[PDB]
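Before any questions on how it binds or moves, here is one chain, the form deposited without its partner chain, in structure tokens.
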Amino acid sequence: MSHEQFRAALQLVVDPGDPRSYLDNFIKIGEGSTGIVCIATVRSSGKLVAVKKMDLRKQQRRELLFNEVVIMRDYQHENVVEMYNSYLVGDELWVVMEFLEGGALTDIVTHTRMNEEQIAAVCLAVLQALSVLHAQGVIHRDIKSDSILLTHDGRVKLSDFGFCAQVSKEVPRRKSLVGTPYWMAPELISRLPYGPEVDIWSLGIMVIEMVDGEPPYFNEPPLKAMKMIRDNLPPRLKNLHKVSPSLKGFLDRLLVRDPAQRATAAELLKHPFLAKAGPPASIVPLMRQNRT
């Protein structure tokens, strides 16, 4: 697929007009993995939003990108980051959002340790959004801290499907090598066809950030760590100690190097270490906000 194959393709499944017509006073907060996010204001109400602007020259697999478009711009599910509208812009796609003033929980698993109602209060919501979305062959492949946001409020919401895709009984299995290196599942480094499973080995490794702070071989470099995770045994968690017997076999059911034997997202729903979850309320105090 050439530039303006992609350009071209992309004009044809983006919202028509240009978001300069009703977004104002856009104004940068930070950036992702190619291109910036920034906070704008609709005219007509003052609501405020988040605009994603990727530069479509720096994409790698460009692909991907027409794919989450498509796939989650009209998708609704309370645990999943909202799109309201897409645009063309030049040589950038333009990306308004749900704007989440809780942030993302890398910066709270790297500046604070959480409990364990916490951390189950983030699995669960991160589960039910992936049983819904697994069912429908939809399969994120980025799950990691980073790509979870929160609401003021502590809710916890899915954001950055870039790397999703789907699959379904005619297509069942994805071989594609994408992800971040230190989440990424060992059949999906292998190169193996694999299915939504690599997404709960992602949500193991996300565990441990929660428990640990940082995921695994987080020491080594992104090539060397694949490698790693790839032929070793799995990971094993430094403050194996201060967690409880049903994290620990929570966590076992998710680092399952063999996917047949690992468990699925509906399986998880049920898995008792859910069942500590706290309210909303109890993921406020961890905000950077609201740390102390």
Second form
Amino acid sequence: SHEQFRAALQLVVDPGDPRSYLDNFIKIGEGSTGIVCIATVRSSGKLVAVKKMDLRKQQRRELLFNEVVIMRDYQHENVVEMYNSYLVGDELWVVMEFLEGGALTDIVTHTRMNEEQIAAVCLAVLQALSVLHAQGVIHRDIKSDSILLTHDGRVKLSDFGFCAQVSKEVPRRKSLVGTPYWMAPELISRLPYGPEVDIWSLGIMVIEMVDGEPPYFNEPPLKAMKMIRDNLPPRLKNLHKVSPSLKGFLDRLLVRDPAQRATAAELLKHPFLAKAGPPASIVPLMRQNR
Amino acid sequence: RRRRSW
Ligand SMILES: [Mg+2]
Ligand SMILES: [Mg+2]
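Having displayed the form deposited without its partner chain, please output the structure of the form solved in complex with its partner chain.
Complete assembly follows, chain above in first position.
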């Protein structure tokens, strides 16, 4: 059945082997579904990222089809560009744009962002989500680890491996998917859900940007999920460290009832986003600069 | 304190 799946993937990916044109693979990241290396394009000296995913090590192998088609068919200023995909032995390799600024996690765990910076991140993420959600694509794993940066502070959404599509014929999803601390309550409750789950997860990322970590982060994942499911929306550890504007914004994201939660389209009009700085305002937060 | 997806 692994052989069965390898054959299926071969029909969908690009032919060949990118080892023929790439040099000096260096591992830079470990994900939930595989590893990520930087590589040098031999002809150009340009750098790319290569996500390598072993078909034998997935919970749901068929989710790998998301890695082949989403980045390629849903392109945007604030979404990581994919170049090509290949079957290399037992692994799916995706060659994609290298986001040399690394992940937002490295910033939120090591420094404090001001509200100009938080708004810039939120604006970039919401622009991506408004376009994806209009097309029925739900990301389902929004967290700081999924937000990548360029050297010049541009913010891009990555890691669509666990995404799903909704449409008139399939208006909601049911799968238990995401990262425990960031999961929407309706998703934890196993109710049919839609794009709204990404907005909740974004609110949890706003808490990451303010506090350094999501709520209940010291609890075991299962216990955190119970608490998210059963409790009032999680509170900031330091409410005095956020403006009434940022609190009002957050109050539109962390709404338990998905019907009352703001949509990405609606949030793009929120006065909090008026504070967003240019990508330059993000630059000094990155490791190479701080 | 785990960050792994499910
Ligand atoms: Mg990941
Ligand atoms: Mg992923």
